[PDB]
Every structure is written in C-alpha cells, then in structure tokens.
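All protein chains but one are shown at their positions in the complex.
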C-alpha cells in the first residue's frame, strides 16, 4: 500500500536523517541520525505502521522509537514519534514526539520533552 | 541492565496488558491488549530501551509503538509510549503517550491524543 | 519588553485569528476565533507572558487559555497554548497546545488533544 511510499530516506526541518524500511506486516526498521542534541552517527529504530489504511484520502498512522544509545554515545534517553504518512507529490510524515530522559524520582516531573517534526523526501 | 526487570507482563491503570521481552541489544518486542478504545485481542509492539542506564539511581529510558491493526480490527491509528522503567520492590514503567489517527488534511489538527499510563507488575 | 511586540492581531496556519493585549505586568487578554472545530465567533482568552525576558536572543515565554463557550456555542472544552514569541522582521509565536474535553471518567483516557500552531502577523 504505502509500504513503497514509506520505505526510504527522510529528512526533517532540523536536518536530521531518518532511514526506514516498511515491512508488509506493518513493521518499521532502520536508523536515525540527529542533527541536534549530543547525538552522533546512527541509532537503531523500530516501529509500526497501519499496513491497511483507509482509502478515503486519510493519512497512514505510524510511530517509531529511538533509544539514544549506540557505540559512540549514550544520552540515557528515548524518543518516540507518533504521526501520519501523507502520500502525493510532496509526500510527508507529520509527527509529534516525546523524549523521555532517565531521571531520579525527584526530577521525574521534568523528564519529558515534547515537539513536532515534519519529514520530507528532500533535504 | 534492567533486561530481566523489564521483561514480563505489565498492567496499566486502565486494565490494559503489556507483554514485552527486552533484548540484550536494547530491543523491545511483544504484544499489547487495550482495555479501552476500538480494540480487541493482542496487537504487535516493538520498541527500544537504554540497555546501559546510568547507575546513579536514575530510571531507564524506553519507548514503544503499537499500530492498532491485527486480524480482528483496524482503528487506523498508532500509539507511542515514551517513558522510564523504575526498579525496586514496586517496579513501575511511567509513560506519556501520543495516539495519532490517520485523517484528512482538513482534520489533521485533531489527529493526536495525549495521555499518561503507569504500568505495574500486578493488576 | 515585547509588550509592543505581542499586542495586536495574529493568525495561525489554520486561518484562526488571535487578538491580544499584553499588559506591563505580564497579563494577556483578548479574544480568539477558530477556523476549525465546533466554534463560532469570538471567545475570551486570558494568559501570561514573561515581561522581563533574557536579553541574549532567546524568545519570550508565554501561554494562554480559551474555554470554548461563548454566547453562540459551548464545546465543553478548553485549549491552552504554551510557547514563545520571537521578534524580528518575521515575528512569530511558536506554540504547542492541549485541548481537554469534559468527559465521563470512562472516557477520560481520550479527553485530550495535542497540536502545534504557529502565529504570524499576516494571514
């Protein structure tokens, strides 16, 4: 359906790079590279998407997770993106995300950042 | 290494059931069963956790995704949970989540729900 | 003091209209008109802003609330916008918002929408 649509390389407004493969069973697998934060190189990501979306012009729901540990760095944090893929000439993934840091119980109240990223197939 | 800590069955305050295995490499895999919403039986989930957390009493960052499609129902949506695992006699996973529905462009502004779930090892 | 800066008429990407006065004490007062949702005409808003922001190029923190009741409609809901004002040739208010509906205890899990609006001084 959108499996072909989704699979490939995406960029967000920060210059981060998202490389993903969409499986026929709804799986998402790939790597993420962040242009910001104390992140370097590629980090693993896994997620899911609606492999049988509605056919009424709705987007396709999806989400994925990155834990910010790889062989170079550990930020002791994880981001999840939740959003929808929108096909067409200017195909986009529109997301909102939550970034939770490991914290003490005392600092739990400020453990979580929220934002929005838009991914396109170019730049 | 909260690998043993994380792996197993969890319940949230809504009576939902989260069954997960934590891999040594930081993978999360399993199934989710929602006590509420347009949902029935088990749905696949995947995610990531920090397999080398800080040793200072901080929690362990983690997240995962469910796409609300299985052999019974398709809600045309996906939830991501972002949060942290806290060990100890009453181990908890404390989360915030985003639930995005596939929508038309005109309804995109109301595509996404936000909430918080707390998971424990009993009920 | 972005008091001058903030006061006036703003528009977001949905074609909604925000009219606000900033008081020297940090008050925000005005009316909001939503292009979308179960809304008509103007609704009162109130909020606060940092009336003595950092001088280092940072934006100015602010937020406001609208309850979606006026003489025409009642949507039994309230939105808060939280964001920052950024001055300059293309002045912006960048926001994230939570919209909570009054619900039964059984539907509380889906009480709240989350989004992002960007406001500019034209269109």
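As written, the chain order gives the labels A, B and C, with residue 1 at the start of each chain.
The working rule: a contact is a pair of C-beta atoms (placed from the backbone, for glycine too) under 8 Å apart; a residue touches a chain by one contact, two chains touch by 3 or more.
Participant: From the list C:3, C:7, C:17 or C:82, pick the residue that touches the absent chain.
Facilitator: C:82
Participant: When the complex is taken as a whole, what residues of subunit B touch the one chain not shown?
Facilitator: Considering the whole complex, subunit B reaches the absent chain at 96, 114-116.
Participant: Since one chain has been left out of the picture, which residues of subunit C touch it in the full complex?
Facilitator: 25-28, 44-54, 56-69, 74, 76-84, 86, 94-105, 108, 111-112
Participant: Touching the absent chain: which residues on subunit A qualify?
Facilitator: Its contact residues with the unshown chain are 14, 36-37, 98-99, 106, 109-110, 112-115.
Keep in mind that, in the parts below, only the chains that are shown with their structure count from here on.
Participant: Please compute the C-alpha centroid of subunit A, do the same for subunit B, then give the distance between them in whole Å.
Facilitator: 16
Participant: Between subunit B and subunit C, what's the gap in Å when you average each chain's C-alpha atoms?
Facilitator: Going by mean C-alpha positions, subunit B sits 31 Å from subunit C.
Participant: Can you list every residue of subunit B that touches 2 or more other chains, as numbers and ranges?
Facilitator: If we look for residues of subunit B contacting two or more partner chains, we find 98-99, 112.
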